[PDB]
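Use the sequences and the hints to build the structure in full.
Number of protein chains: 6
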Amino acid sequence: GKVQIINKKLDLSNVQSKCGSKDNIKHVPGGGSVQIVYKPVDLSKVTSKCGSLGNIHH
Amino acid sequence: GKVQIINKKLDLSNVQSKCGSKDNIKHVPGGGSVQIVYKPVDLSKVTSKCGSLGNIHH
Amino acid sequence: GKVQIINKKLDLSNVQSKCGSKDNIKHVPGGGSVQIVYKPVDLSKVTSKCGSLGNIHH
Amino acid sequence: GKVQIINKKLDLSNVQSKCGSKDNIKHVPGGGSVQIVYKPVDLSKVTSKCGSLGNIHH
Amino acid sequence: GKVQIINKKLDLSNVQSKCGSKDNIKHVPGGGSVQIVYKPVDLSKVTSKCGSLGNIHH
Amino acid sequence: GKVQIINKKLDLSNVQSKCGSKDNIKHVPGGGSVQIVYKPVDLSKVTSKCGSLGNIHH
Ligand SMILES: Cc1ccc2nc(-c3ccc(/N=N/c4c(S(=O)(=O)O)cc5cc(S(=O)(=O)O)ccc5c4O)cc3)sc2c1
Ligand SMILES: Cc1ccc2nc(-c3ccc(/N=N/c4c(S(=O)(=O)O)cc5cc(S(=O)(=O)O)ccc5c4O)cc3)sc2c1
Ligand SMILES: Cc1ccc2nc(-c3ccc(/N=N/c4c(S(=O)(=O)O)cc5cc(S(=O)(=O)O)ccc5c4O)cc3)sc2c1
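Residue numbers (PDB author numbering), protein chains in the order written: chain A, 273 to 330; chain B, 273 to 330; chain C, 273 to 330; chain D, 273 to 330; chain E, 273 to 330; chain F, 273 to 330.
These aren't lab readings, by the way, just hints derived from the structure by calculation.
Be aware that one or more of the hints could be misleading.
No copy is singled out in the list; a pair is fine if it fits within one copy or between any two copies.
Claimed, not checked - Cross-link-like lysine to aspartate or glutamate pairs, in silico, EDC-like; alpha carbons within 16 Å at most:
| id | residue 1 | residue 2 |
| --- | --- | --- |
| 1 | 281 | 314 |
| 2 | 294 | 314 |
| 3 | 280 | 314 |
Written as structure tokens, this is what we have:
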């Protein structure tokens, strides 16, 4: 059968992350910052028409 | 049968996270900040028409 | 049969989290902050029309 | 049969959380803060029309 | 048969929580705060019309 | 048969909670606070019309 998929994504994976760390630090005067401004505008149109039709003589 | 999917996402996975850490620190004067401004506008139109039709002579 | 799905999400998973930690710290003068402003506007229209139709001669 | 699903979510999972921790700390003068402002506006319209129709000659 | 679902959620799971902790601390002068302002406006319209119809000649 | 579901939720699960803790602390001069302001406005309209109809010639 018919399958239709529309994706509009903002994905952030593994950002400023640690995994399997075995480190030694003494002083950390500073960190990390994430700043996101999410202002999209969506005026899209999705249309689907299914069905048989006969005679047209406008 | 017909399947229709529409996704509009904001995903943040594993951001400023630790996993399997075995570290030694002495001083941490500073951290991390997450700042998100989520102001979208949605004026989208979704239309579906199903059904047979006969004769049209407008 | 017909299946229709619409998703509009804001997901935050594993943000500033720890897992399986075995660390030693002495001083932590600072933490993490999450600031979210969620102000969306939704004017979307969803329409579905099902059913057979006969003759049209407007 | 027909299935229709609409989701508008704000999900926060595993934020500033610990799991399986075996750590040693001495001083923690600072914590974490979560600040959420949830002010959405919803003017969406959902319409469904089902049923057969005959003749139209307006 | 017809199934229709509409979800508008604010979910906070596992926020500033601990699980399986075996840690040793000496001094904790500071905690965590959760501040939520939930002011949505809902003017949505949901309409469903079912039933066969005959002839229209307005 | 027809099934219709509408959910508008504010859920807070496992917030500032402990589970399976085996920790040793000496001094805790500070705790956690939850502050929620729940002021929504609902002007939504839900309408359902079922039943067959005949002839219309306004
Ligand atoms: C009852 C209760 C109440 C409150 C509470 N808070 C908890 C908690 C646990 C772990 C936390 N980790 N926070 C961080 C942060 S930060 O966002 O906090 O600065 C930044 C990082 C940057 C890098 S890297 O870029 O150098 O790779 C690597 C690892 C990081 C990290 O691990 C923060 C808070 S447990 C708990 C239990
Ligand atoms: C390059 C550089 C230069 C300077 C520098 N200083 C550092 C540093 C690190 C940790 C410090 N903790 N200082 C203190 C102090 S106090 O001595 O500071 O007043 C008093 C306390 C009273 C109680 S209790 O009686 O209420 O039970 C419990 C805990 C306490 C504590 O933990 C003080 C200084 S790192 C560094 C790195
Ligand atoms: C790029 C960028 C830059 C800056 C930025 N700032 C952000 C932000 C987000 C949320 C904020 N909430 N601030 C507050 C404040 S306040 O003191 O801080 O005004 C007081 C409150 C008192 C009570 S109660 O006692 O009456 O129960 C309940 C809730 C409260 C609250 O929620 C404040 C700031 S996001 C961002 C993104």
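We went through each hint and held it up to the structure:
Taking the shortest alpha-carbon separations for residue 281 and residue 314, both the intra-copy value of 13 Å and the inter-copy value of 13 Å come in at or below 16 Å. For a Cα distance limit of 16 Å, the shortest separation of residue 294 from residue 314 qualifies neither inside one copy, at 46 Å, nor across copies, at 46 Å. Both within a single protomer and between protomers do residue 280 and residue 314 lie at most 16 Å apart by alpha-carbon distance, with minima of 10 Å and 10 Å respectively.
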